[PDB]
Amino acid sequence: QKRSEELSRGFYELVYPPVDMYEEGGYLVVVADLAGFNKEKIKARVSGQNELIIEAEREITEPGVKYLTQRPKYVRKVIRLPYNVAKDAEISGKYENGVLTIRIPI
């Protein structure tokens, strides 16, 4: 009546962060739940040409005795964009309440 193992940091690093991608107004908008990071270690870029890849890293200490460890240390989210844009442009963003909002001109 107990599972074999619990999801680990590795599992979440594989699938983190959850992202919504839609079109609203002028822009293509990307929204990511990315709690517990510092603004300076969050990165975004178009690569290969078609993709928006989001990257972030943080240190997580493992104090005292541990029972669960799931929170991702490193994040690498490859988002296949449906349209094209160069590899610069005005990709503007905000990071608030752990939510990363990326707006791309289009």
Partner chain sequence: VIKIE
Contents of the next structure:
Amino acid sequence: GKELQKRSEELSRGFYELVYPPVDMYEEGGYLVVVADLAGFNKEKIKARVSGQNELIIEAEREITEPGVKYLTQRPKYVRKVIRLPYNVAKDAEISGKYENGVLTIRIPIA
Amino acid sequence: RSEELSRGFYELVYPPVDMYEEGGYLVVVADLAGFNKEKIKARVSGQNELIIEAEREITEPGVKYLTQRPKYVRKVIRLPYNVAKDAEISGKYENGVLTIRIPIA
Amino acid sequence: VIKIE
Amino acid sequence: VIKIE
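In place of the form solved without the partner chain, output the structure of the form deposited with the partner chain bound.
And the full complex, kicking off with our chain again.
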């Protein structure tokens, strides 16, 4: 909040590492759907799990090597977003996950 | 913990951009996931400004609890080298990443 | 860990 | 102006 007054150069990977990825969460068809903008990761590095009964944890790691003169560095190397779900997830719940066009879509059965 | 920011907040900082110079090129990289390639409009304007604009339809039937992903994107990038007006600029979009390589003269 | 397809 | 391939 009100880091909006900074200019783009002053916003670092660290800032985006706090707030990324942006997320949409909705229910349709007796399914909890969590949609995330997580561009540019390897799907075998994206680690999502529900800890407890309430918390989706989205973790992801990527290597960023940009040789030359730096000017802007905003894209996160690491991500660790914690989202509290409005639904109790069964331990044996069959959760699907897809990574397409940089978007992670997680479907959680509730009904 | 779980503090959810407004969509309007993300709107003002989306997307994250890396800009750097190597091998005579200004390489601009932006995490811009979930957009149609034909709806991403990027261009260098007046020798020193790279403008990235995108629009997308967000269709999510049902009940929303959290909404942070922006529908509109607009980011003006201060450009260091006042690049040439004439050269061929590359533009790729894969895995949600928009990579733009601008030649310097 | 959720299987990302 | 820039073609996004």
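Only residues modelled in both forms are compared. Throughout, rigid core stands for the largest set of C-alpha atoms superposing within 1.5 Å between the two forms. Residue numbers count along the first chain shown, from 1.
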| query | finding |
| --- | --- |
| C-alpha displacement of 2 Å or more between the two forms on the rigid core, among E96, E23, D20, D88 | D88 |
| Inter-form CA displacement between the two forms at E40 - rigid core frame, Å | 0.2 |
| Following rigid core superposition, Cα shift of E62 between the two forms in Å | 2.7 |
